[PDB]
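Removed from the display is one protein chain of the complex; every other protein chain stays in position.
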Amino acid sequence: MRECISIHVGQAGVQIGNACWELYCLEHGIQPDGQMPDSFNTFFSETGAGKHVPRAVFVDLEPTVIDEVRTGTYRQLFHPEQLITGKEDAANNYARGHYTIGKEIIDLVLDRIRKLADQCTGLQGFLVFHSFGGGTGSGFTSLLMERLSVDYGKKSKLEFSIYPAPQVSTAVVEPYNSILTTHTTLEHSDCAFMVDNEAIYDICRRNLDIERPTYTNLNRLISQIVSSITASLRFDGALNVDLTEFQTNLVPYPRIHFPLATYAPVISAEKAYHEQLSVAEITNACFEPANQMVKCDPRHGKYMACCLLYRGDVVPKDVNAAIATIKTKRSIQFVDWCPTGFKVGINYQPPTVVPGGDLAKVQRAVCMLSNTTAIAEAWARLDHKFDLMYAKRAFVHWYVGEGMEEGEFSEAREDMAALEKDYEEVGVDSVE
Amino acid sequence: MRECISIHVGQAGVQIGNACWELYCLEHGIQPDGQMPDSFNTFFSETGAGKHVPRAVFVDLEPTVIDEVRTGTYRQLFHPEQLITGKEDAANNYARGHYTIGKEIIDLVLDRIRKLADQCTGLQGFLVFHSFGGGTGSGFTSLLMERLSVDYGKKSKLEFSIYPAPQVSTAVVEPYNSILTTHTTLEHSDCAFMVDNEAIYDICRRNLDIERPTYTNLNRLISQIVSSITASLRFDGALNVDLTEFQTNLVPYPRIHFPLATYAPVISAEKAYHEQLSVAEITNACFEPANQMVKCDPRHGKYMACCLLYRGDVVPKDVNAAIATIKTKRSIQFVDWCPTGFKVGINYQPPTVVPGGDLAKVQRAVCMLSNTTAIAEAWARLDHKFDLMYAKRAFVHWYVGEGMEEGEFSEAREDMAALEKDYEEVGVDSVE
Amino acid sequence: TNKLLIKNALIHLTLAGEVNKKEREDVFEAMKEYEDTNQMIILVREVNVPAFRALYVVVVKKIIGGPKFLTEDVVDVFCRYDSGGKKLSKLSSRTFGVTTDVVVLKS
Amino acid sequence: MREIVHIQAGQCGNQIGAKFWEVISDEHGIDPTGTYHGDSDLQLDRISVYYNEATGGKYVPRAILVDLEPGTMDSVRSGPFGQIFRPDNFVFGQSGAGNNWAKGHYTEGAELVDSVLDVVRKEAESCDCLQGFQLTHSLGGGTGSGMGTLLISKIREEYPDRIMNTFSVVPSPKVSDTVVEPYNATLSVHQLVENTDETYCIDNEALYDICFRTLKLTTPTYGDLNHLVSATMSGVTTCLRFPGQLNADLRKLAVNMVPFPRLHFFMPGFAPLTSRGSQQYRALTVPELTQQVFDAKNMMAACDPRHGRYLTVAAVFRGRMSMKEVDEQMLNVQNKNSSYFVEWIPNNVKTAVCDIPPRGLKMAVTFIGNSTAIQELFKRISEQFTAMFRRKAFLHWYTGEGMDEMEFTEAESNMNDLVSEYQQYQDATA
Partner (left out) sequence: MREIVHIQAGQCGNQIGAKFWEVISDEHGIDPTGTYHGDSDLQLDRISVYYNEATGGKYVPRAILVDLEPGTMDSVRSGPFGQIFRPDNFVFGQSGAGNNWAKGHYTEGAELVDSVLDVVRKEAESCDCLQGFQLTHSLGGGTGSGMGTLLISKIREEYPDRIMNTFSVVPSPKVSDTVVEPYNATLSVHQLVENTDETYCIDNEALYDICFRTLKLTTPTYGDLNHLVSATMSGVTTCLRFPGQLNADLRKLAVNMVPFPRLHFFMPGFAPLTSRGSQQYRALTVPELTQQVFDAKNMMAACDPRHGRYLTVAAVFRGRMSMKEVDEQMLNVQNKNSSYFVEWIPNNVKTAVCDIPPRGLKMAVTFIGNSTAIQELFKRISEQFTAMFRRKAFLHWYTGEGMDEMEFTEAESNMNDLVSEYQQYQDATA
């Protein structure tokens, strides 16, 4: 009676979606065929026969990565009307994923979401998995967040945006494909979770002792975080928190709604020994600078509204005991106007392991979702990567030729520059 | 409820600590695995599973000696993040243990200590094992005692310095590295115990009849002395003495805090017969000119504040009897201002023999500590070994080229020369 | 006195090759009357891509241009030229000294 | 889907095509007959990008072969992998090459052009989603410069929204095999920066030294130089027809590369280039496969990368490797080559990784440079045009076909900007 659905726009959302839907079948005994040997109705509109198809719409412009799904192990799971493909990709071009080619199949996408809201009576929210890199994942979501607010408007719309790193970038027009996706979705997003590609490599290197992490392994860490946010629907816990409740505790203004996730503990199999990982210990591992999955220095700002999503055998006294240590500490300075900014959710499931993953089986976990202040310097970075590449008019001739104007680039920067004034608007102290 | 961590800076500190942590696992039935088939909470932050990891931080710049630990018998024992290595050693150079390489990994060390004292509610003291020889063992300690006096300040900070021998020295800048590390640690050390190599070679020849003492065998004697100081926490006796209770009895003036250890009886296996080793016989063996573990003549001075730390089956009547024999003797002269200067502790544990060691199993032991007078004649030694190498300005060109001023060498000598005046300040008779 | 640690990094990491040959030959004769001053540091555009922007001395004075004088607070990191691998090596220091040779500014 | 047409023109192009469709057809496991014998089923999942299924389970290449004499077309037909082609494609003339730009574009190019495009149209109606037109010519000769720079201006008249990518062989600095190649080049550069999208400018002079130094051969035949070019040629499109962990195609390798609509002249590269006996000394790891790439000896275009700077840099990999080893090494070389990149382009390493190595190796790297290092390629060619135009030598053949004296200054006026802009966009900062 509470059903959330998921959309997989681009490729970086689709291969993360291969890590999510593999993982849900382990937490419920679901086969890849949909067979199983009662609260899993939040993701699976079932059939009168034995099969549990998922609630997922895989839209893609190029037919490349979808054919790995149509031929892989989870071929039999999905309904083959969900698996929507096309002919030519946007190819890192906002004007080929929002104006030219993305205009074509948009009436096959929304009409497919139309036939999934009728299998639901308690429709809950949206899960668009995408990235800010390409012009498909950040050029078609910007089209599609406009459309699902025309359809509903009053439903929660959660993204999981894979963030462009300050160290490593595998594109060239990537600071053009991020300023354009802000302006289009900022008036119709709900709460976009930032996850960085860079910071997972350090967590795979130091805390896990993996020197060769593949894209198979950077998505296992984003699999458990998405499994932790939606852990309160599929299971009964001590203090549950539904998806409609995230938009009020975490979003202080109609602009600042960019939380960065953080999972803990992350340990190797050999280091499951040698330590005990108490809730008073693993909570201090949340607020380290060395464990944040978006590369900033969190001791260079504040914290407007944190949020802790515990799970496993966790004592709610020791939660209060571990938190009362934290607000007494020195380095972790919250915001003056926020009195005390936590929203703690204790659930009754251990963090389940996937076979083949290099994560130890621990008895408890936490997915901190910290709306910090200091990430605006990382928003200040992707304007300095805009200004130097726009005074020389570099790479503009691909956008102009496919339906995009010159007037809409210094426009959205000033809109982004208005979003950068708002974080220093937070950092003031309105005294007396 | 009482915890005392142990840090092993250098190489000579660590190779003693290879023999120290061998002994505690004998005195508690602990395997090298951390398995075992409320007395051991002072050295083992135990896990809820079966493993008792020690409270140790092995840090060294050169990665040679630490790989013996990571491949030895006690591989599985230590928490592997504790064992900290680096690349280029200080290599007997003070400006490469404090200015060049010491600034590199000081933050991996202190943050690792930071994650040990949070597992401690009753934190008691420090045990920094370091030798005065190298520029790692006397260049990284002097950096580290500055830093841990910023974090804690009030806590007790015990060290164990392997003294430079008066006739035998296996280094050339060793009379430089003693005057350098004194000046830095003298304002922040607590009670620095002097143990000499050369006297342990004497005891291995005469009282033990071993003609080939290896560093396997010169460390078993220091392993018993370190164990008997920390024998009152781990056990329970007729009169116990904690580690904070050392620094008040032993340090009269805040400069003179350099006592020398003495263990007794040190007998071979064949000489366990032929004698009786009574509680009034072994205490006369404590105050010999021969049986001291620093090669000095104790009859060339006085005794400011002795200390006796017995263990084993000891009756406190004869302790009062054997002490009363000692102050009536001729050669032993206490200082005129100290009325009676003893501080006696009795435990209920015989000293445990280690297999392979050539020490005989006895019923009782004594770990004599004595803040004596005449050790400053051996401090007068390490300035005549300084002046002849500073007049001709030898070896200075390695210090200056690695971040070290020239003005900080006659400066620290005068501070060492001020330390020479205070022992002769003691020995006078302030009459009327 | 670290003339070797900076001239090596002028023509291998910051201004190397045939492109800026006219540029780095200017900054040899500019410091010829100098280097009796003890230490000299450079400004670096970014810690990821080290490009040369300004040449300094240690007395912080610019001779060939950012700011004429720097503070300790606006310094991002303190980098050490790894001679064995022609890269940068970060430090834990916040003040100046013999160890630091490469500084990066903030924004 | 995403079908590509492969047109061949000139003698130099038509002998890569005997080797290219041997480079390709050994990856997909294609016999000399036209059938399938491979083991993996991943090959036939994307066989239709270059092929057409015929009756009997046979696959034939989508190649269209153009010549002005039946000389070299008879060699490719009689050669191995020659009977794989569709025999209607072989469109050839009679008058010979002429080694003459004024003949292959104004005299013979004006007759056989419509008999080419109707076979092109027959090959394009059999394709559902047309991607682009990879064309194999060379700037040196007269067939592949008059006819190869005509299908640019005729098929883009028919297909104005596809990708046009030529695979050209550029004249060398030291040796010259044509006396009028300073006239065949400048007449073609005028036609390339009109209606193309990219051009993999490959030299011969740097291609010989790699066969001498790095490959360590003795007698390099053209069967071992085109063996090395066509190895690089298949690596561009191998992410368009095989599953990769980070996908690229012939538009992602078009938008990310080209910063301005004229500066689109590339320079390829390849790794590993072992020796026959020195394949037991170097470790085959990603930090070794990159340090071989960013040295100047491996650049097949005969210029120095340390002269001039880079604008955008691609690095298409193959094989099965890990994305941290890639992203560490793409950071690591940009530290130690920081002065060689340009300032107003940040994060200037485009990177893609496929998952199918070449048949027999373990991993391989295809480099796609884009630099201001090729400013003295055009400075070299436009000077050889200058001295040969003052004394107006060799002019009484082009003028004899009716070509005007101003048009040689017109094409020289076009290259006058293009030399300036690699200087103009070098020291322009912000």
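Read from first to last, the chains carry the letters A, B, C and D; within each, the first residue is number 1.
The rule we apply is simple: contacts are C-beta pairs under 8 Å (C-beta built on N, C-alpha and C of every residue); 3 or more make two chains touch, one makes a residue touch a chain.
Colleague: Based on the whole complex, identify which of B:3, B:89, B:104 or B:159 touches the chain you can't see.
Modeller: Per the contact definition at the top, the residue touching the missing chain is B:89.
Colleague: Would you mind spotting which of B:201, B:235, B:348 or B:379 touches the chain that isn't drawn?
Modeller: B:201
Colleague: Based on the whole complex, identify which of B:274, B:317, B:330 or B:392 touches the chain you can't see.
Modeller: Final answer for the missing-chain contact: B:392.
Colleague: Provide the residue numbers of chain D that touch the chain removed from this figure.
Modeller: Chain D touches the chain not shown through residues 277-278, 280-284, 291.
Colleague: May I ask you to list the residues on chain B that touch the chain which is not drawn?
Modeller: Where chain B meets the chain not shown: residues 11, 62-65, 67-68, 71, 87-89, 91-93, 167-175, 201, 204-205, 211-215, 218, 385, 388-389, 391-392, 394-395, 397-398.
Colleague: Go through chain C and note every residue touching the omitted chain.
Modeller: 4-5, 8, 83-85
Assume only the chains that are shown with their structure count from here on.
Colleague: Let me have the rounded angstrom distance from the C-alpha centre of chain A over to the C-alpha centre of chain B, please.
Modeller: That gives a centre separation of 55 Å.
Colleague: Give, as an integer number of Å, the spacing between the C-alpha centres of chain D and chain B.
Modeller: 74
Colleague: What is the distance, in whole Å, between the centres of chain A and chain C, each centre taken as the mean of its C-alpha atoms?
Modeller: 41
Colleague: Would you give the residues of chain B that are in contact with at least 2 other chains, written as numbers and ranges?
Modeller: none
Colleague: Which residues of chain C are in contact with two or more other chains?
Modeller: As it turns out, chain C has residues touching two or more other chains at 48.
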